[PDB]
Structure formats: structure tokens, C-alpha cells
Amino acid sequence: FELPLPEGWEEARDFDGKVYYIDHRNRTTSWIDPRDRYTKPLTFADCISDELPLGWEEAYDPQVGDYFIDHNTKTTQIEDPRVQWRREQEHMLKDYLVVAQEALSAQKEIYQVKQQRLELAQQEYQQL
């Protein structure tokens, strides 16, 4: 025994045989099984290990080969989005490391400007 479609929903098949879901209450359709929202991780962060988050699909096409479908953003891509996500997380920490280095470097300059201003205030003052 499986789990029922939530109230108002129906399952159907597109011309190519791909299953889709019909929400009669809101008069829309979706490639995403409405029961997935109770099971699947919502973001790549919540995934373990190889799982795809909600609204992502593997697909294939003879022209392009294996690719990925994101029903969340209504885009398709070649690159594995799980790989891409791990890469994005490292790049962000790298970026934060780099702006910390630049912030430190610029404050060193400010500090040195301030000690130059102290010297000038000393000169002006010792002119009495």
C-alpha cells in the first residue's frame, strides 16, 4: 500500500509518458509529486548523501546526455548540482577569507595614516 495524493490532486501522464501532477484546487500542474515535500530534503544542505533535494530531477537526452532539471527555478544544467553546491560553499569561505585579508590590509593603512596625523598634530602643537 502506498500514500494517497493529497486532497484536490490527481496524477496524469504527458504525451511522452512522463508523470505529472494536477492540483484542481488551485488549477495548476506540477512535475513534482506533491508527496515529495514530506520526504525529500529541501536544500542541498539537508542532503545525505547522493540524494537530490525537492524539485530536482535527473534526466537524459541523446543530444546532450545526462543532465539535471530544477523545477524550483525552471532551469536545466549539465553540471551535477550537488558537486556545484559543495564547490559554492568552499568558494564562499574563500571569498570571506579574502575580504578579511583586504579589510585587514586597508585598516593597516588607516592606522598608519592616523599615526602620521598624530605626528602633524605634534608639530603644529610644538610650534608654540
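Rigid core: the largest C-alpha set superposing within 1.5 Å between the two forms. Numbering follows the first chain given and starts at 1. Compared with the form deposited in another entry:
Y96 is among the residues whose C-alpha shifts by 2 Å or more between these two forms once the rigid core is aligned. Remark: with the core as the superposition reference, the CA shift of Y67 between these two forms stays below 2 Å. Core-superposed comparison between these two forms: CA of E119 displaced by 2 Å or more.
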Given for the second form:
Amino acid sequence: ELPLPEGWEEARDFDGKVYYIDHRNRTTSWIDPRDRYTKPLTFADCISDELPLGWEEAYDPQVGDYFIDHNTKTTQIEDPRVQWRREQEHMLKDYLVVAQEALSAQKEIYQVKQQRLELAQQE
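Give me the form deposited in another entry now, not the form deposited in one PDB entry.
No partner chains or extra molecules come along with it, only the chain itself.
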């Protein structure tokens, strides 16, 4: 419920799709000029359902729901919020594996130090 920045006009397509008119710069964009200030800038900053700036959900009667990335002028069927999710899941899993490996290497060192200490007692 935040107003449009001055010089901006909301408008519609022949198809009814909303877009925005910048009268100061005399240009048009698919991106609501308020998105700057209200939306997450990255998938990381996303909460809940949110899509980051420049992204949009769309429906196609043949193929179903998909995603539009205005930042790179591309489209995809796979949910970008879910690809990001999994990705961060995969990073954590592999990190705990590296951590377990480092810790286990240190376990070997101490056990070896321990045997060598005992061998010195014998001798």
C-alpha cells in the first residue's frame, strides 16, 4: 500500500499485463518501481514465498507454472527458490563432512602421540 514514486504511472498491456511508466526518464519497465524498497534483493534474503527483485511467477496453459527472470531476460520451469534451498542444503552437508574429516585427522594424531608417550615409559 505504498505509493508510486513521482513520475511513475501504472499501466496495462493489450493482454492486461501490468507495467510501469517512468515519465522522468521516459522509459517503461515490467518491474514495479517500489520493488526496490520492499522486496528481497537475493534468494538468501527471501522469506517464506518471496521471489527476489526482477523475478516473477507466470502461468502457461500448455506447460503450467514457470518463472521469469527479468534480470537476465530468461525463463525457467524449475523453482529458483527451491534450487537455492537445495544448494544451501548440499553446501552444509559437504561442510559437515569436511569438518568430520578434519576432526578425525586430529584424533589420529593424539592416539599416535599417546602410543609414543607410552613407548617412552617402557624405555
